[PDB]
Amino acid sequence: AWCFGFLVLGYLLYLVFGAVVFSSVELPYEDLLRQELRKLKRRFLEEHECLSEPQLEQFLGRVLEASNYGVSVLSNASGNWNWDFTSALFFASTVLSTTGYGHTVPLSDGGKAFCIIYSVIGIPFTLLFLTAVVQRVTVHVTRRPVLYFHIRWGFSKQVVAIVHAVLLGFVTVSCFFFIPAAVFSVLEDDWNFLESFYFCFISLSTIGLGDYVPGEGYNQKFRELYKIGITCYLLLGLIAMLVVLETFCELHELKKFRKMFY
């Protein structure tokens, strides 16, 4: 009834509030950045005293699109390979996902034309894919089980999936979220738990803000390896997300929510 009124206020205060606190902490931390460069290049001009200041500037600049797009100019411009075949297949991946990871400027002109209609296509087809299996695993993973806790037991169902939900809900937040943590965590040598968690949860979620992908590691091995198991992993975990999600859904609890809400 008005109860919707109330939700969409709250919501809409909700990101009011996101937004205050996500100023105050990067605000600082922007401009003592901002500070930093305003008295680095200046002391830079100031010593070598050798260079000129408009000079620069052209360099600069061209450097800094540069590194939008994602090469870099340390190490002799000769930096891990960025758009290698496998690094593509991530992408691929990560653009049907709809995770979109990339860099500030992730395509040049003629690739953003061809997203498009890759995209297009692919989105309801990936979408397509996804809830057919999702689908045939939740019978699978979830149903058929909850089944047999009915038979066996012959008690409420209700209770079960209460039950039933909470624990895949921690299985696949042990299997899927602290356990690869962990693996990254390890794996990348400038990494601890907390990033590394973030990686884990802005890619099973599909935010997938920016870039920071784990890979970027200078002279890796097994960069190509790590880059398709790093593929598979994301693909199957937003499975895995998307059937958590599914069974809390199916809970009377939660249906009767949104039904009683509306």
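The term rigid core refers to the maximal set of C-alpha atoms that superpose within 1.5 Å between the two forms. Positions refer to the first chain, counted from 1. First, how it differs from the form deposited in another entry.
- A movement of the C-alpha atom of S78 reaching 2 angstroms or beyond is seen between the two forms when the two forms are aligned on their rigid core.
- Once both forms are fitted on their core, the CA shift for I202 between the two forms remains under 2 Å.
- Superposition of the core reveals a Cα shift of 2 Å or more for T104 between the two forms.
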Given for the second form:
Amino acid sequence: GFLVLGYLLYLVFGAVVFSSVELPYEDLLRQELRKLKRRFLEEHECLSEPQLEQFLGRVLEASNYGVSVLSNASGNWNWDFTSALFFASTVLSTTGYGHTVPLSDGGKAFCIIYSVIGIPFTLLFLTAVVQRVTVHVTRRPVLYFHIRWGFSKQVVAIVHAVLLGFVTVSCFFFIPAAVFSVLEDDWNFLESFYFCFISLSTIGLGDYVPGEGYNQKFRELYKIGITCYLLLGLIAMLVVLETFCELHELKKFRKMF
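The block above covers the form deposited in one PDB entry; next, return the form deposited in another entry.
No partner chains or extra molecules come along with it, only the chain itself.
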């Protein structure tokens, strides 16, 4: 009741603030992309608006569908054992970057069937893998702290679980942000941090995707390393979110609302 109105109010607060900050930039880019439309068309006097409209209709449909028209088309194979292993990790993990999606009626039908049983199986996989890590990285330090210093078990967990999140946050955001800032030359640090947040959070917006380097040296090892990092981030934030959910303070908030 009260929360539902608050949630609706919260999106309303979200929509105005984005309208206050994002929309002027978007109006600027939409004004400058429309400027780009008219520069590109002005440059190519031969080229006309309607045929181009149809061409981009297909090109962007495909792009939405995954088949980037970039790299002379002979760029990276959207569907190859490694890339398909990446698509399947993302669709099973719900990230759904959108850089690769099924292109056929039959292909879509298998993806549904594959994802009806695949995703529950993958939730089982991530939950089991997450459960192991909680015993090690988070539970073990808490036990050591209480025994050495001897204060109450109830107070050590709540106060110090918060401390253990910072360790995970730095390990999986800041250091990886620097790593990604080194491997991807065309990224800054802010975009890399944004990509790491969206990927681990599972939003998978798809504006930042790794492995797009033009005929880069280690495409296969790199696609599998990024796959392993993306699961690792998912496991480590399901551990952090499990611990925050376990926290008495956050738990009370849930009970209240």
